[PDB]
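Note that one protein chain of the assembly has been removed; the remaining protein chains are unaltered in position.
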Amino acid sequence: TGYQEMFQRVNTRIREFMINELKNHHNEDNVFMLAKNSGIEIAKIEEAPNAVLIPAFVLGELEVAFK
Amino acid sequence: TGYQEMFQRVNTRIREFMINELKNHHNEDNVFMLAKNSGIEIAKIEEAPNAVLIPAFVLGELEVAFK
Amino acid sequence: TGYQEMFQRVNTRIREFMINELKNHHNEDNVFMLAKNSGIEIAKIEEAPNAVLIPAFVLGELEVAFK
Partner (left out) sequence: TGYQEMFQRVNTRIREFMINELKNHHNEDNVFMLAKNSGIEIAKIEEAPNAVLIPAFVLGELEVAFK
């Protein structure tokens, strides 16, 4: 239970900094591109689940790293 | 969509070494415990979705790290 | 050894977002504190080695995560 709460806040923190990185580097299209090829319907990238958000973020970091 | 299948193969690899780490240090109970608390019904840890598998793996590693 | 330039790019990217996270959440003191205890003399957090920077970053994320 307490574990479920602690991990919830850890998860929330990770989601926020991933969302922050995607915005600051204008890579939000990665989220939509990946969402479009999975069936998820989102208005904001905040509505993206981890299965979409995390790959988007990693691609984003790679694109910035190798520019 | 090639990115999807690439991340599909990365997801599989990560699940495999998490599961491997959990067995080798006999921490499978972490998975079941977390599965039960979240209303998930599994007979073996390979059936656990990442939302319980990943926290269980993390608990496992800290348990070993601070034993 | 092209792998090494490539990993150097990824190292730089990771340093940059760790540093950005630390500044944007006003957690730079973590770096200086960890530096002082390790006999490392730095004037700014961009000079902290990863052995200092990474633990400060993680400490920083947990502090923000748990309020």
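Labels A, B and C are assigned to the chains in the order they are written; within every chain, residues are numbered from 1.
We adopt the following convention: a contact is a pair of C-beta atoms (placed from the backbone, for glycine too) under 8 Å apart; a residue touches a chain by one contact, two chains touch by 3 or more.
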So which of the visible chains would the left-out chain be touching?
B, C
Given C:18, C:31, C:34 or C:45, the residue that touches the chain left out of view is C:34
I need the residue numbers on chain B that touch the omitted chain, in ascending order.
6, 9-10, 12-14, 17, 20-21, 61-62, 64-66
Absent-chain interface residues of chain C come out as 1, 3-4, 7, 34, 37-38, 50, 55, 58-59
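What we mean here is this: only the chains that are shown with their structure count from here on.
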List the centre-to-centre spacing of chain B and chain C in whole Å, with centres computed as mean CA coordinates.
28
Per the centroid of Cα atoms for each chain, what is the distance between chain A and chain C, given in Å?
22
